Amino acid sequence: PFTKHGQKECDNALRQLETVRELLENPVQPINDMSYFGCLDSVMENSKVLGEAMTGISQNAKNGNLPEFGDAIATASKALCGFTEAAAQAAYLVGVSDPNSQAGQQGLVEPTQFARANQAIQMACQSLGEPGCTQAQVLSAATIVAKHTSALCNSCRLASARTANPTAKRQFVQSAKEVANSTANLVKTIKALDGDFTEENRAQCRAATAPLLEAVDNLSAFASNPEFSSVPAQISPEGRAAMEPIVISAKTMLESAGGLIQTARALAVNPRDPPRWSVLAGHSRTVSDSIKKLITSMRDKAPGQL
């Protein structure tokens, strides 16, 4: 019936937990730009949200409310993932602060949209440069340039926001302004060329493509600069020992939450199963205990990170 959507929500959550668990395998790079204290608050907030989801997961499987069960599962998955990222980020910060450790860095990931927009804009500009292009051809090139430069600027905005490195964060936005400014100028020359196709307006419209192509090339080159590539930190043995409380607790919470969701998936189908209700309460107990142990350890290392 309406169980199918609940079953699939459980499958998605379990897959997502498996993905965030790799963050705990061997932290050697920062996840994001959060401070140690931001990580602390994030773990706090996400655990509140998780605690209410675990009650919603349990009550709605028992009472047969399949849409409310599915939404509890989706909520728990998002909170568990948020939690794990803040714990992996905190773990990294603990490990590299040991004086025998060496820093790592997140590589910037290049949007696949970049390549698409790049090729599209180049072909559209090459078209605008053909000495015999028509008013229909000029309209289609303008349509393609506008669509892909708008998408390029938004990819830059998002890439800027998820880059911790401040030089890369700044360049993504400067590139976005270069693209937007040169696109605005180009379409203005297209507007003039439209209906006045002299060699002089062709030359000007042709000249206006050069700044846009330079902006696009500069952006795609910077995205490949070696100084922004991922480098794994060298965590000292004393660094590793210090991140153990956070890492172990995060893993245990993930293991138990996975077992909780796997059990709730079956209880949503047939909730007349006392053995599985007691398994589920065991897992939920360990989820809570592990969160308590992780938060406690983070609060206590906290003076060293002020």
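Residue numbers count along the first chain shown, from 1. By rigid core we mean the largest C-alpha set that fits within 1.5 Å across both forms. First, how it differs from the form deposited in another entry.
- Measuring CA movement between the two forms with the rigid core aligned, the set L93, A72, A141, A79 has one residue at 2 Å or more: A141.
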Given for the second form:
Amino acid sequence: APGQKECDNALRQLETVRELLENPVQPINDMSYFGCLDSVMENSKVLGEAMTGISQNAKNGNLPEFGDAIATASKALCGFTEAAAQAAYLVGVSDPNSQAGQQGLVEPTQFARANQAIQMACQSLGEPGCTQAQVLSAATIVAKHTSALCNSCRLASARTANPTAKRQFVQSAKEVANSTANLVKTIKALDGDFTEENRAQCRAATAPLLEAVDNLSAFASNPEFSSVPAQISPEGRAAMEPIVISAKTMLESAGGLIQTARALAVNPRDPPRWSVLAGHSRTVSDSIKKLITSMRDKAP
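Show the same protein again, this time as the form deposited in another entry rather than the form deposited in one PDB entry.
Keep in mind that what follows is only the chain, not its partners or any molecules around it.
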């Protein structure tokens, strides 16, 4: 039983990271091509060490060290996939017939979620049968998302060369940050105070924040700030393909490695599974070698 949850979590993490290879036609991080090559090289070293840790600790029944090696492999495999997916995008967009497009100022999905979370927290802290503890827990949700919104505003301000947009992203973030401080002040103010006037008073302090959040959502929704997707030409997709296939093969074999290790950890008396394990481990290594060679040969 012990060790199996680590393996199950790793297999779930692999299933998630594999979506990055389905249509890698947009950037997924800020890594340069050499950033990608550096990350692939470092993770190759880490994974090599982890694959040896997985086999040796399953063999010897060191189940805490086995679990750490499974977790370490998983993290290195996810890093590899992120680097491979970014590298593929950069290869595709570098083709002469590709159109690179532009980065949007604010990632829209997490932006909308942050605004909704603040709005829902403000509504929750205002519900009539809500306990004082729920007021405080709602405040922590507001603080979390207020910090994320401010960071994203500072980034958006950095990304734009338009002085008016530069200034407005900061001012809008400032309005959100100061309204949260006033709301937190009023929550902190509540001490042994659980009366209808303070319930109404907390509700009252949500208004400037909800308005500031709405004003920022309206400002940030200007189509001028939106991403314009890259267009990858057929030849760019052909150029990316060896990187994508090698990364997909690494993950397929890594998944088999982890499934095999999960069984061997419980029962290491299994000569067939030991060969399968060595086969998956060598195919993982072969795929990484092919991916690095492909990243160098197909380099823009």
